[PDB]
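Trainee: Letter by letter, the chains look like this.
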Amino acid sequence: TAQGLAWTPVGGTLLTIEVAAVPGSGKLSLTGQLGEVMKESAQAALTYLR
Amino acid sequence: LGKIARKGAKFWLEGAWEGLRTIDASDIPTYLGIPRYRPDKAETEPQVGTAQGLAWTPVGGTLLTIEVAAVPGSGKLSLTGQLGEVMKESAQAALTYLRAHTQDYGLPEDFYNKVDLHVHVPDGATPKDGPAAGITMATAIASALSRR
Amino acid sequence: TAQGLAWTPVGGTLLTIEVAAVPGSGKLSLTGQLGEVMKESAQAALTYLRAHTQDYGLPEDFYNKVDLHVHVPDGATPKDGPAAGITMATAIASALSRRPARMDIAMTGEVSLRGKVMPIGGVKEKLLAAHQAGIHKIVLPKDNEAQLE
Amino acid sequence: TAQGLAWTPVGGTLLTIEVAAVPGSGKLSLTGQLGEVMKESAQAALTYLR
Numbered sequence: 596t597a598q599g600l601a602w603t604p605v606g607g608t609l610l611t612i613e614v615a616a617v618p619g620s621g622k623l624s625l626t627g628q629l630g631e632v633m634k635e636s637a638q639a640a641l642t643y644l645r
Numbered sequence: 547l548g549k550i551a552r553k554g555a556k557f558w559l560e561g562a563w564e565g566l567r568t569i570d571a572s573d574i575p576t577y578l579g580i581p582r583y584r585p586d587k588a589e590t591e592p593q594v595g596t597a598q599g600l601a602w603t604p605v606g607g608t609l610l611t612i613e614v615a616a617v618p619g620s621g622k623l624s625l626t627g628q629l630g631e632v633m634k635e636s637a638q639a640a641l642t643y644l645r646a647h648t649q650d651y652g653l654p655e656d657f658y659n660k661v662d663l664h665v666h667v668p669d670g671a672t673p674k675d676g677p678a679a680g681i682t683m684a685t686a687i688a689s690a691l692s693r694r
Numbered sequence: 596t597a598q599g600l601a602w603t604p605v606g607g608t609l610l611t612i613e614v615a616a617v618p619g620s621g622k623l624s625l626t627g628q629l630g631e632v633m634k635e636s637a638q639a640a641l642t643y644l645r646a647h648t649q650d651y652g653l654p655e656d657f658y659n660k661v662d663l664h665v666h667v668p669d670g671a672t673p674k675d676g677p678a679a680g681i682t683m684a685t686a687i688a689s690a691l692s693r694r695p696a697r698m699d700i701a702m703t704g705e706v707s708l709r710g711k712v713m714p715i716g717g718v719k720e721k722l723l724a725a726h727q728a729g730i731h732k733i734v735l736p737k738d739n740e741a742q743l744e
Numbered sequence: 596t597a598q599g600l601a602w603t604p605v606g607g608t609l610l611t612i613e614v615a616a617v618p619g620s621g622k623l624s625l626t627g628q629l630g631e632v633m634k635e636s637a638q639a640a641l642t643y644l645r
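Heads up: the sequence lines are chains B, C, D and E, in that order. Reading the first sequence from the start, the letters are residues 596 to 645 in PDB author numbering. Reading the second sequence from the start, the letters are residues 547 to 694 in PDB author numbering. Reading the third sequence from the start, the letters are residues 596 to 744 in PDB author numbering. Reading the fourth sequence from the start, the letters are residues 596 to 645 in PDB author numbering.
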């Protein structure tokens with residue numbers, strides 16, 4: 596985990612990042628039912644990692 | 547307690563055979579109707595499929611038969627019954643650890659795809675905020691997927 | 596068809612609970628618009644039905660190819676209480692075989708999602724609610740041991 | 596047009612309309628002032644589309 600800071604529409608908080616090292620087939624999902632900008636920010640991260 | 551008292555009054559009004567009669571267990575269907583439901587399930591028994599969790603419904607702090615079923619299917623989590631998602635994502639958090647611990651607890655190498663999970667929660671919403679018994683269903687999921 | 600049973604304030608009779616085993620998308624349908632008594636319990640019964648489908652000749656892709664228009668009459672619950680589970684269980688067991696279920700059997704009960712049949716109440720009105728309407732055969736849950744005591 | 600005949604309590608009539616043909620989605624809607632048993636029969640008639 597890192598402690599992600601962001602402006603939720605109810606104010607400020609730390610959206611700390613729980614994250615799983617699940618074996619599988621290489622799929623990426625996300626939760627919170629958030630905007631897709633979250634997903635492609637994750638792909639940007641994952642792109643630098645790869 | 548009213549019906550108990552009144553049945554005592556009826557059997558006493560036919561004649562006072564004693565100054566003190568004793569009301570005791572299983573002598574209640576002698577005095578009232580059928581045991582209207584089964585008594586407390588503090589014993590139950592090891593059973594494969596689902597769990598029940600500690601919470602507070604707004605009309606009471608009580609358990610909910612959160613059904614989960616280790617059905618062999620296409621691999622999903624079937625919260626059937628329009629259920630609270632906190633059960634959903636807590637269940638993937640559980641099943642996530644289980645996927646990380648599949649070599650630990652006799653689970654198959656793949657079960658996220660090999661079997662579904664037929665989930666049913668008695669309340670459409672959540673009785674208490676947060677998956678107040680997340681580890682309970684986690685345990686049940688592990689037990690059920692372990693075919694135990 | 597499994598003629599389920601209800602205790603109604605309009606006459607003691609049987610719920611002609613018909614369930615559709617028709618090829619299609621593979622699903623279950625809302626029929627009496629009830630849900631919390633019939634759809635969830637039918638789903639739970641269907642879970643144990645998904646245990647050992649080929650005991651009964653059931654094509655395993657029924658939820659993949661057979662749509663279920665599963666109809667408890669009186670719309671919603673007539674007894675106001677789950678008393679009619681094993682009913683829809685044996686109904687879909689007969690229907691999904693696409694074979695004639697029997698007749699003159701009006702029945703009761705509540706199955707679980709774990710091959711368990713739970714204990715039920717409201718049974719006196721059901722044992723009554725058969726003899727009002729020309730029936731002398733019901734099915735009862737086993738856990739209700741005190742029900743015939 | 597179909598002779599869906601329904602006997603009125605007062606007098607007697609042959610219930611029928613002139614019909615369009617404008618298909619597309621399951622919302623044939625009428626403020627027919629229906630009864631409650633006919634209300635639940637209509638709620639059944641919802642899935643009677645299936």
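These are calculated hints, taken from the structure and not from any lab test. Any given hint could be a false lead.
As the list claims (entries may be wrong) - Below 25 Å or equal to it, Euclidean Cα-Cα: the simulated BS3-like pairs (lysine-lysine) are:
no., chain 1, residue 1, chain 2, residue 2
1, B, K634, C, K622
2, C, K587, D, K737
3, C, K549, D, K622
4, D, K711, C, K622
5, C, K634, B, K634
6, B, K622, C, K622
7, C, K634, D, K719
8, C, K622, D, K719
9, C, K587, D, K622
10, C, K587, B, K622
11, C, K622, D, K622
12, D, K719, C, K556
13, B, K622, C, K674
14, C, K660, D, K732
15, C, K660, D, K622
16, C, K553, D, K622
17, D, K622, E, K622
Trainee: It remains to establish, for every hint, whether it holds in the given structure.
Mentor: A quick look at each hint next to the structure:
| no. | hint | in the structure |
| --- | --- | --- |
| 1 | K634/B to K622/C | 21 Å, holds |
| 2 | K587/C to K737/D | 17 Å, holds |
| 3 | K549/C to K622/D | 48 Å, violated |
| 4 | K711/D to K622/C | 24 Å, holds |
| 5 | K634/C to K634/B | 20 Å, holds |
| 6 | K622/B to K622/C | 14 Å, holds |
| 7 | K634/C to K719/D | 39 Å, violated |
| 8 | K622/C to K719/D | 41 Å, violated |
| 9 | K587/C to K622/D | 34 Å, violated |
| 10 | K587/C to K622/B | 42 Å, violated |
| 11 | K622/C to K622/D | 16 Å, holds |
| 12 | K719/D to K556/C | 24 Å, holds |
| 13 | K622/B to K674/C | 32 Å, violated |
| 14 | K660/C to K732/D | 42 Å, violated |
| 15 | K660/C to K622/D | 20 Å, holds |
| 16 | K553/C to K622/D | 52 Å, violated |
| 17 | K622/D to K622/E | 22 Å, holds |
Going through the hint list in order, the structure does not satisfy hints 3, 7, 8, 9, 10, 13, 14 and 16.
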